[PDB]
Amino acid sequence: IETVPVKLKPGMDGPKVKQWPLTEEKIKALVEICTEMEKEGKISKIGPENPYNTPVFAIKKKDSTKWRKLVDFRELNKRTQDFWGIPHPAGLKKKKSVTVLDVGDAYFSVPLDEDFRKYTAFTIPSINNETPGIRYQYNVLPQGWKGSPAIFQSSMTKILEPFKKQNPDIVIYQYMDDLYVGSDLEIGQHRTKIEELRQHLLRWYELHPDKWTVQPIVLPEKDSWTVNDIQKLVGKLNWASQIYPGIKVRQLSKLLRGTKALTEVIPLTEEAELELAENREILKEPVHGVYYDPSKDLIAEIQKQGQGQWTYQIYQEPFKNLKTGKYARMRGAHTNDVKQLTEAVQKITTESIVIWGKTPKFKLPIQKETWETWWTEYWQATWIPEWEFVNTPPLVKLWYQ
Amino acid sequence: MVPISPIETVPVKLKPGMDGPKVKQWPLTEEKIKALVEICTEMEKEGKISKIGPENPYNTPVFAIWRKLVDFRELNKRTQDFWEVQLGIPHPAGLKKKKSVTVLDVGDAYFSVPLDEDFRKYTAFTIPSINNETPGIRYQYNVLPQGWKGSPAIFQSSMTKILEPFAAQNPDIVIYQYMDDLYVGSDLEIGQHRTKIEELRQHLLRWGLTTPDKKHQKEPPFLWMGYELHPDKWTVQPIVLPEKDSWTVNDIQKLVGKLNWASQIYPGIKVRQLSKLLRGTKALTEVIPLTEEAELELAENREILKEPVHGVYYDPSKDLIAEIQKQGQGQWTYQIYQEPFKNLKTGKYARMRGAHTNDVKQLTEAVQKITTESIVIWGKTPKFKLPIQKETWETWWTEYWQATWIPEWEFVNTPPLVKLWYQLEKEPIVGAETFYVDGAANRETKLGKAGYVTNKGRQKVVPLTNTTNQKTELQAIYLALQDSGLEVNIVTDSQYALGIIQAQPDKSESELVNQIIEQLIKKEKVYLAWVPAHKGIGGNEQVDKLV
Ligand SMILES: Cc1c(Oc2ccccc2OCCn2ccc(=O)[nH]c2=O)cc(CC2CC2)c2ccc(C#N)cc12
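So the protein sequences, as listed, match chains B and A. Counted the way PDB author numbering counts, the first sequence spans residues 5 to 88, 93 to 212, 232 to 428. Counted the way PDB author numbering counts, the second sequence spans residues -1 to 63, 71 to 552.
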């Protein structure tokens, strides 16, 4: 009910990001939504004296046909001053289950600092540039802005104070417009407790971190090896030697002596079996000296494995993986690679939010134009991470398969 | 006197840390001075400007060309940034046919909208006196000055705010604002349409805005932004292609711009051979001859531009179709239409600057471009007709290491068809010979060797001059492809060669890569395997090529 002054970083002007084209149905949905919000005072129209702009588009979240309004506040977020910190809950990732709630509506009750409102301007575009776009700015705390949770932290703490005092075994975390609730109950008791918390938030996405861990490097176990089998094995072990110190491949390369056919069976010598066993024992241990640095960026790499299978690695230093995984979920994206990649980006980003409380920078195996053309059609999250595009096919593909 | 409605001003400020302009006034001839005194006298009579005292320290130069012209370049440098919604013009192919159409220009556009009074003191200018024997006459603007940075945006926003209620209470008509003109269209009967035009100019008159009282000075066909708009169709204004036996870089730029302009309705325009000459630009004066490909290309451009072609208007009740054809040398042509041989518009796409490429990737990029253009113009993605079999696309995207997607499309059997020219095996081949390849080069002498040793005892080492490591690795693979049967397993350590081949090109700028592609096309089965170098892997002989 009282506005807190908000400013920008020194020497930085407001965002001036071009609005990209939208389909007619998304434009109509945003027209209806923004009209309703204008009748409720959440946004107000602006004149040409406001040169700032932030992209906007429309989505449809899970299990809902209602269009939702999504603002790409990335540029404004990184141009907004740093708000200060609550240490990340290191036990949220250790809990048995976590449920994500959309507490975005609660932001619309808190007014926004007047002098800052000119920086949240956005444009509903028109088809074929026929008429001028409909320009708005926010009067209250907008969803997607990084200052909205920072400002609401006191109010949110006051709201959840009884629930936190009631169940000390339930971890509560907040990121952007989402509230993460970790516990160890039963799925039924979990859902009933979530209904209790959502009505507790009313009067004022099952995710199990235990079923996801880190993945070791595994070598084949065969009774007969071909020249090709041993060539691939030596390639993979040589690659893993960048990660593990003691990997050696000389006794296995000694078997390849000569110009043999690739399909010819080669029996393993005893020295070769010994070297392979030592390499197994080395791979069974974790990686040497792998730490998380909150001052550094998180990098995520995604490889397409085919047949709807995808691998990913989150690291900070090359060969120092903080997390690895393999998203192979099939949910109505059998014939669309971009939809699969987008859902994978969303899941990986969510995991990254749970573990470290921030999003990673993605390296996407897709051409810039395809992704930029289609990614908003399958996006369902309220946040947006950063991404770049790898254009050279990496060789370490099958080494993660 | 009927009370006119007020137009609320737009608060304007200067850029932060800057002050108003202070530019010395130019010396003018006595004739020019008298002319400016008459003009500014009538203007002050009309209320556009007002005399100011000596307190105002800001000044803007003025000239007479009689017509008064104020040079606001410094104030434009010192004025804040505005939001201009004129970023890209509407395309005629996006318009929808209307039975009746009317153009209403707004006379005295910027001179009918008031200026923020706190900002008027920055628009001060002086008229020099005769012989400079008296103080020059000081004036400031009360309305939007033409040539000032903020006039278009403020005028457009004010006009929008005025037009909102009339458009709200008239859903059966369509109104467009553009610069100093309004364009109104409706499918009503001509009498009812003219009536609603009278109501519209009355509603604009309630705010003090005038329209053409006579028969509207512009009737079809309308000439606008290089376009011809007709009652039933649209096209581009006739082209003007200069012909001179000595061409410059600037003339090549103008010719390229004009051909690209004509390509939006004339299908089949090609501009590659003329655009290749723009390498090494920034020198507008030059004499660049043309090759036979460029001369035949421009001759074909005159051949297509020989007879006029028209485009139709958009009908939302019918499907939107876009069809693509391959032209060769990275060139692609497309047509967007709703009924056969009645194009909404046309266009072309040229492949990006790259070392290697294939036709499927280029077709994908053209599809993305057409999709974005279609979302701009019509707000939807069209259905595609593509010269590529469903199975070919299936194999491509299922085996491609990158993620890719094409929206809803169907196969059209119009040669040349896009196809996959080779497919590498996933597992080694039984019964096929195994070629262990290797190459190496001396960094100083540029001398190298490339060759192979196989499981059947076949061997070859070839010496090479003026080469590199990468070239000798590619050369080695190529030697194995030349001397092997229709089925071959190949073992290399070249991460470079594997990087090139795993990108699946069907055409390259490197002749060696193209010869490799031609060899792969002739093969029944090829399995390419990679091993680490210098790891004592028997077979892979780095020492055989290092001699
Ligand atoms: C009359 C007019 C424009 O006219 C229209 C105004 C309102 C709705 C549809 C309109 O045209 C639809 C297509 N069309 C076009 C011409 C014609 O005779 N009949 C017709 O059905 C639309 C634009 C498109 C641009 C403004 C958006 C114009 C642009 C320039 C000029 C001139 N001079 C006139 C314009």
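Please note: incorrect hints may appear among the correct ones.
Simulated crosslink set (DSS-like; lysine-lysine; CA at most 30 angstroms straight-line) [as the list claims (entries may be wrong)]:
hint, chain 1, residue 1, chain 2, residue 2
1, A, 281, B, 366
2, A, 154, B, 259
3, A, 528, B, 388
4, A, 11, B, 11
5, B, 366, A, 528
6, B, 395, A, 281
7, A, 528, B, 424
8, A, 374, B, 390
9, A, 530, B, 259
10, A, 476, B, 287
11, B, 388, B, 11
12, B, 32, A, 11
13, A, 540, B, 259
14, A, 512, B, 64
15, B, 249, A, 46
16, B, 126, A, 166
17, A, 82, B, 22
18, B, 49, A, 46
19, B, 32, A, 281
20, B, 424, A, 11
21, B, 126, A, 154
22, B, 249, A, 530
23, A, 530, B, 32
24, A, 154, B, 275
Since the hints were made in silico from the structure, they are not lab data.
Legend entry - Structure versus earlier hints - violations, ascending order: Of the numbered hints given earlier, those the structure breaks are 1, 2, 3, 5, 12, 14, 15, 19, 20, 23, 24, listed in rising order.
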